[PDB]
Each structure stands twice: as C-alpha cells, then as structure tokens.
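A.B. asks: I would like the entire structure built from these sequences, with the hints used as guidance.
The residues making up each chain are set out below.
Protein chains: 2
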Amino acid sequence: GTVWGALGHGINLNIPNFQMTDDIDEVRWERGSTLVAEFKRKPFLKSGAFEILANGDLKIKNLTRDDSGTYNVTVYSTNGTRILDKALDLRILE
Amino acid sequence: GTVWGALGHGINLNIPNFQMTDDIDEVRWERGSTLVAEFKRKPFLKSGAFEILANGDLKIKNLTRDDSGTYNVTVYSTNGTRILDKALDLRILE
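Protein sequence lines correspond, in order, to chains A and B. Each residue of the first sequence is one higher than the one before, counting from 87 in the numbering used here. Each residue of the second sequence is one higher than the one before, counting from 87 in the numbering used here.
Treat the hints with care, as some may be off.
The list treats identical chains as interchangeable, and a pair is accepted whether it falls inside one copy or across any two copies.
Cross-link-like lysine to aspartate or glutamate pairs, in silico, DMTMM-like; alpha carbons within 20 Å at most [unchecked claim]:
(1) 126 with 108
(2) 126 with 116
(3) 145 with 112
(4) 126 with 137
(5) 147 with 111
The set of hints was computed from the structure by calculation and includes no laboratory data.
C.D. replies: Next comes the structure, spelled out in structure tokens:
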C-alpha cells in the first residue's frame, strides 16, 4: 500500500488489516537496513537452557562443559544510561 | 570474580552488588560474541522523531523529505511466529 504524508506534518503508519492482542510478542519497523522502532515484550533467550530472572540474574538450567567461561552483564537505567557492567567467570566442577 | 558451577546442576549467575529497581531499562548477558539473554522495558526508537503506539503503529512526528520511502512492518506472536509482514510506501508532498 501507498501512504501520503506532507512536509511539516506528522503521520501514523498503520499496520494493514491488523488488531493488537496479547498474543503479540513483537512489532518491528524497518526502513531498508535501518531499524526504526521495535517493541518486544518477552526477553531474548538464546535457548530454553537459559532464563533471565526478575532481578536480572541469569539462570542456566543444566550445566555442561560448554557453559563455562566469562559472562558479561550490562545494566541500563530507564533513560539509557549504562549504570553497570561486570564480568563473571563461570567455572564448572567436573 | 569467579563463580563455581557443577556438572549436571543448574546455577544463577548473580549480578555483582546490585538490586533491581524500577529505574532499570535493560539487563544484558553475553558470553563472548554471543547474546545469552536480554531484557528491555522501553521500545527501541531510532530517535525522538519516532514513537511506536500501543497498537504497534509507527508515528513519525515531523515529516521531512528524508522520511519518504518504504517501511517494512513485521509482527510476531508470543511464540515467535511471524504473524504479519507488510510494506508501506510513504510518499511525502512538498
């Protein structure tokens, strides 16, 4: 579809034939290679072997030798400021 | 510094000296170049000239010539299933 805007004015690009519900995890808007806006309710998780807790802690379900190594955590405040950055060396008893 | 895990057991990597408050936008866990987990409350927005509405529509606040072109929208359901993928051709009258 084609949408018309005009200089100096604002505009809302409406998602064609769609209704927002709770069964929606993400809405992504891109313009070519540019990511313009993105909404994502559930956290990103590499796999089910992991889960991020309420407090922000990382839970690893079943440890294997592959899980050892250095993990980096970064925390950003509501305004985007990087308030924390720590490296956590996870070693595994075998 | 280092946390110890045991083969076959699970573990919570605790963020060093930190308590979760409402002033936290993002918590990111990485392992090398791998993104392990990520939580982000606020949407991603290229700039203040944009905002994503509740329904998922894209609001471009002030239209300029450089805002015209094709915008691709992609919506995913809760289980990551791509439920929609449209493209709007935004043309701007000068």
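A.B. asks: Out of the numbered hints, which ones does the structure contradict?
C.D. replies: 5
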